[PDB]
Amino acid sequence: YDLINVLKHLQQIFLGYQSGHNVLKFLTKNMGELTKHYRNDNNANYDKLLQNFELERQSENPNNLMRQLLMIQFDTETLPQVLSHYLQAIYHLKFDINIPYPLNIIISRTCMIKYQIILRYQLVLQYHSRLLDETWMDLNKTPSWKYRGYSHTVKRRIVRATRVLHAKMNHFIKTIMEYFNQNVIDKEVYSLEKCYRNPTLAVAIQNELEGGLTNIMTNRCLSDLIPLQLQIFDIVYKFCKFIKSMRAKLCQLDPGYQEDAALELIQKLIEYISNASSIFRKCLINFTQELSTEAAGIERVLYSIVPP
Amino acid sequence: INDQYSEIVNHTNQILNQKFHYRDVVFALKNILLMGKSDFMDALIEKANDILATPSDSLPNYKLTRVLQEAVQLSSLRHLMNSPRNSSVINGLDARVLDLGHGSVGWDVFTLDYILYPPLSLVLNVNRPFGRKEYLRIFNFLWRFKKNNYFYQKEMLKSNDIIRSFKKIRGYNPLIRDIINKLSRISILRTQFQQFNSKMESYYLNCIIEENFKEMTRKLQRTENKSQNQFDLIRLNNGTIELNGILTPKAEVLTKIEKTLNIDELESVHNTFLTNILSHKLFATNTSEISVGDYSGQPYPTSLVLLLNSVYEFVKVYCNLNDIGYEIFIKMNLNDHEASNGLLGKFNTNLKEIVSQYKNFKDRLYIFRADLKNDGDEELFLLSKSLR
Amino acid sequence: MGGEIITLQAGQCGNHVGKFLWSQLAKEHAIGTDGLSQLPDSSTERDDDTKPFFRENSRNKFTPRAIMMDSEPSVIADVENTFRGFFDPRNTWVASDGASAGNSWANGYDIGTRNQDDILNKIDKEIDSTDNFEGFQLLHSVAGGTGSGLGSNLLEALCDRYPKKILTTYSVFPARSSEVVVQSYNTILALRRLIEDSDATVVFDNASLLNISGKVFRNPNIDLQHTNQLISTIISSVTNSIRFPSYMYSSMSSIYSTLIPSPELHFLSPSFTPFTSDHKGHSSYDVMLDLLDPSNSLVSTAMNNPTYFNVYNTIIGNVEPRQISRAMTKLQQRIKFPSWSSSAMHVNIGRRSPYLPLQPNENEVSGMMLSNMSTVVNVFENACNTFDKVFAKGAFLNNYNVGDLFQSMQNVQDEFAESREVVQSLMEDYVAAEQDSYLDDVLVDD
Amino acid sequence: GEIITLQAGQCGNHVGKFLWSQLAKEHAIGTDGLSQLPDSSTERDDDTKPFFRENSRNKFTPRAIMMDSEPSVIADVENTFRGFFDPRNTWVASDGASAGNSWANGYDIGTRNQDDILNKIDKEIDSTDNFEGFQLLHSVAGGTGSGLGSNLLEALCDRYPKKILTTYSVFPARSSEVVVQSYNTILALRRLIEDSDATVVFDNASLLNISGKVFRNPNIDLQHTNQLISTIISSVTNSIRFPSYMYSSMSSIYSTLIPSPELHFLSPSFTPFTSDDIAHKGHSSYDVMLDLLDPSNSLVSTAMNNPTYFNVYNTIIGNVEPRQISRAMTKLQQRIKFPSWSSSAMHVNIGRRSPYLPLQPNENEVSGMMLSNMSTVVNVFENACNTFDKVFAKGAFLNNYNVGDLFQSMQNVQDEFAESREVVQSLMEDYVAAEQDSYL
Ligand SMILES: Nc1nc2c(ncn2[C@@H]2O[C@H](COP(=O)(O)OP(=O)(O)O)[C@@H](O)[C@H]2O)c(=O)[nH]1
Ligand SMILES: Nc1nc2c(ncn2[C@@H]2O[C@H](COP(=O)(O)OP(=O)(O)O)[C@@H](O)[C@H]2O)c(=O)[nH]1
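Residue numbers (the authors' numbering), protein chains in the order written: chain D, 413 to 500, 556 to 722, 751 to 789, 801 to 814; chain C, 449 to 704, 715 to 846; chain B, 1 to 278, 286 to 453; chain A, 3 to 278, 283 to 446.
Pulled out of the complex, with its shape left as it was, chain D reads as follows:
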């Protein structure tokens, strides 16, 4: 049995290792529904996602055992809640695999649990990055947003500030991803690859694999910082939705013809932008506070936030 390639096949599903290709495809296909389903998922009715995955899985190579056992499952209690089962609604989906015949003595069930949790977190981040990216694509391509001589107040207070805060959010999100994937994930896969060389004891192999996984889990960026990130995600979700609405909202602000209309709309838009911005300033400052309060992520994440 070729253990090495089976481990790599598992990783490409559960760590994203050399597979961001796949995550991009998955999100770009199903984001339009995954964005809204997670409000009232008690009554499942999620036939479309299951059916679509069933169809797409037929296309893949049959000479990969692992992709075949990929199943879509859901549950109710959320991510911080499912971590509350580890040390005591955004994307509460799940992937699991029932490891094959009792050669799976190599691969436990606890390890599958932690792999599940990890993939859940990765998909959260990738979803938010995909939103920001679609937003950037919208801000610089739809002619509605191009400047053709409107009013110095609207730029000072609507569009320029919108762009500034959008770029701030995107920089922060990408920085979080950069820290996590670069100084968190490659350590484990690199150790696992090196222990494949000169192998002497199976039990040490099992111990090293689980040690790498646990060392992934121990990071407080998954446990202690996480409510900050969820409040972050609420803010960014709402802002991105607002901008997606602005794409057509801006259409009625120019030479209806400023006819005692949209003036309070302009004022409310200004206040909305201002309040969202100030909220995000406070939240980043508190994130700074917890960063400074107590892993090369130090002087790595904080560079893009620390205000000049």
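Read the hints as simulated data drawn from the structure, not as lab findings.
All residues carry an ideal CB built from backbone N, CA and C; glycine is no exception.
Any given hint could turn out to be false.
Listing some non-contacts, in silico: residues in chain B with all C-beta distances to chain C over 12 Å [what the hints assert, rightly or not]:
| # | residue |
| --- | --- |
| 1 | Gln116 |
| 2 | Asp223 |
| 3 | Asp411 |
| 4 | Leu412 |
| 5 | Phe423 |
Ranges between beta-carbon positions, derived for each pair [said to hold, decoys possible]:
| # | chain 1 | residue 1 | chain 2 | residue 2 | range |
| --- | --- | --- | --- | --- | --- |
| 6 | D | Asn434 | B | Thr336 | 28 to 34 Å |
| 7 | B | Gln442 | C | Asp821 | 20 to 26 Å |
| 8 | D | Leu808 | C | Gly834 | 53 to 59 Å |
| 9 | C | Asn677 | D | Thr447 | 33 to 39 Å |
| 10 | B | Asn325 | D | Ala456 | 20 to 26 Å |
| 11 | A | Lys396 | D | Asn434 | 54 to 60 Å |
Following the hints, position chains C, B and A with the ligands against chain D.
Relative to chain D, chains C, B and A with the ligands alone:
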């Protein structure tokens, strides 16, 4: 021992497929007794209308033999009887009547049967003289639906005839014009009945029988193929994916035969198919597990067959009505335009009867749907919802 | 009952329709273009029925059943020369007289009064080939002249000779307001017969045909003759069930019986995802929601304020029944209907033709729907709102040959009066049926 | 994730030759278009689909569309890669514009033939499903090439709203005769200014200097310039061609770089370790990150003075250490400065060495490259721009190449030129305002 077992089971499966036509008798039983391939049943009823309704006894069995002859001749199943290779199949069909009474209860007791012989009579579970005759229970339970279908079709045609007939009156007494409206509205009533029938039938033939038959053929067929995927995998109803068998080495040279079914597995799987059909909540009659529902307190099949009988009386009375319209046209088109029309009195009487029966029908059906919603089971709940 | 069908081809466009239709049909059953078997006789088992449509001889040639109609042997001969076999040359028919469109309806009518005296006898001889005959058919475009006249005369002639026999119709409606000087005349005349002769009628809207064709064709925009093959694709889905027999609907009568309530309401709007021609990777769920889509129709003229009276659905392909259950749930949750109804939409799951040049389908299905809905009369309004403004003026009032109906201008004007009354009563009844008290005529008696 | 590449002009197609050469031998193809792997059954570790089309017989067709006017120069490439390039993708004029012409006649030809060019691009589009954007590779100085590039650029941008565009541009070294091309150059900017979403600029002075440093015995090394250009383009697309954790689409790359679409001119730099004596000066990632900030590594020869940075995006390819990179940012944030009105934006994009070129692996060898956003970008304009502020009034030889959509109707010609130069002035003052701390 291992080698001999493997070899003998393999040769046995091969001979069953190749000499005695297994898997052709199974599909034949589904296409004959379990009501599939309906055109055969349609042609049978059409060619046996004169006899299924004969109000007599000591019936000429010879005509029924001619009936099965021309029935298998008319349907698509002639493609079997024409071929020498599998001609043996058609020989097994036969028809029976049991006389517990005089009055054309033959239509109520017409039974299609299929007699088996060695070796197959040993492998397949059929109307054994000391069995439960499950095939017979199913076949009667669906023959009811088929009686409804036949009568409704005939009389729908006679209806459309008669409405088209009265359309050429408008230079006459508008009372006859009234007929039009009434008949047209009356027609909708009939359809509200008939459609309901079909709904349930479809569920029966597409959610009880067919799904089970597909599972039986899938299990019996999996032995036939070669590895289109090298993972002998099982897909479940809960999304569970399990790999049984041994994860074999990938043809590794470290140093310098698959599972088909014996006879008992064959009989076992056929019996599983049948009993799992008859353990479904739309067939069970007499156990402790005959759980009755709120608002009725009755078994589902009992109330349902009551509904179907009510449907039958509706068909009879609507037949009478259309008859009445026919002789009204007959007397109207001729000389006597001073025509006595106590026939109209009968017309109104029969409308009153029809509307009474229809109100009773809707009431019973509402009880029925509420009963299924009380049941709470997903498929029965969806059947209840679909009926609305 | 339940048996053989005889189909009728009205006009030149209709005859093109039929040529494409029988192309598709014989393609489905793997039939040789010359009519000889395209299958090696290695297998002797066959699991579908071609007795309803075809006949067979001692030489295993398939004799079609059809009749091909016009006075101009151009289109007939073109179809015949398209397939050097595949047709019996003794079942065509052509007249020998003057030629014109429009009000030549009347002369076309006279064609029958001159010629049906033998034409049906041809039919009769042909119908004597079989035993169990269950209905005719007809293909037509309302707008043209020769087809409209012959079709109407045929319908009248058959409605009183073969009782208890079904007559279905297929009719397409034009989109141009140009020829309305005569156009909206023939149309209205045709309706007069489709209200008294058809046992069920399907309606088409050429505007939506061309719109969908341009939307889906990956070749640039071209003629309507290459769009004609989008008619037969619907007539494949109907009669699919009686060509590959399965559990239910093995007869045509039962089909409209689940379509058509009381005989006054016999207009049907087809629709389905034209996922084929002569890909799209859609599952059953996608198909059965796409059929709800207001962009998906073959008569796309209605406002989103409709009322369905009856719905037929079908699917070709292997399908998970659970998806059908879920989709019935969803569709019933989204559609509207009168409160005197207790039935619902119906589903039949068919069989994909097995002789087809098949790859693995992987649960990719081909849906279809017929709907008896309230908005069909919308496709009428253009021709409802045109002819009368000309009738006040009588443009082209003379294009009738005398025959034995055109002797008095009042004769024609009374014809149009009757016709408009017929259509108005139709729309009156369709509107009246929408209100929840339609049954009061019989449920509030003393 | 399909990408469509447009190459035009003599320079554009020389670029295409070298570019597709490096990309192909990066993907084990060879001059024929078949697999060089010994076993077709084994799966691969990348996705070549974003740039190459695939058939049944395992021939890879580069989705590359090339434009020309005198088919001789574009003809050489298929006379080097037999059967590789699809010949229906090329387009050849007949008796069009003059030798070295102004862009005007090329623009006229483009307006005449854009119908069939658009049909061509449409039929290449129909070939796939997941289309992400185009790429345009040409110089501004060349007349017919830049006219065609401008015309098709407008055609793509207005016909295609949901698709990204990236252009690569070439500028001549400061020399004598380009006083016409540089002249001509101005109007070319007009299109990229309004139509390009992101774009990176190339000058030949720094290219020649890099050649004078890397290769021995230099006589004429324009081919070396194309070498460096392809090096840069492949490096940019590396993280998309060999998937990794984060960046798997082009939009995700630029989205970190460009604020409001008035600041989308980018300036590259690269490690001395090339991609065609290379064994030296690749010491470490710490070294790579440090020497990236050498002004001598710029692909545009600028001046060094407390440079003001908008966005920094560097990619390091090879086997890297976390500690080196950590310390590198630790002191580069301190050394590198950016305007106080925004925040620090340093991004690293660790990638993959291609496992199909038989590389010479060391344990700590790396290479690196970087994209940046600068004020000093406007410096390339002034060098050309200052010129026509001095000459255009005389027009004796200036009108003679007949620079306009009409001929000899020089009134509308001066209209075009004036509006163009004022648009350039808007760009320059805009970059200054971003510079001048005014929003502070
Ligand atoms: N769908 C479709 N309709 C057509 C086509 N050609 C003509 N028609 C319609 O058919 C009508 C003409 O009918 P016509 O053939 O003249 O009738 P005929 O004179 O009795 O043969 C016009 O209203 C057209 O809109 C076609 O290729 N496709
Ligand atoms: N990109 C690139 N451009 C070059 C190189 N060498 C010279 N050039 C410039 O590229 C331009 C190409 O001009 P082009 O229009 O294609 O030549 P033409 O077709 O003869 O008019 C010329 O103006 C050269 O100055 C090189 O190595 N690479």
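>> Hint by hint, where does the structure go against what was stated? Just the numbers, ascending.
In response: none
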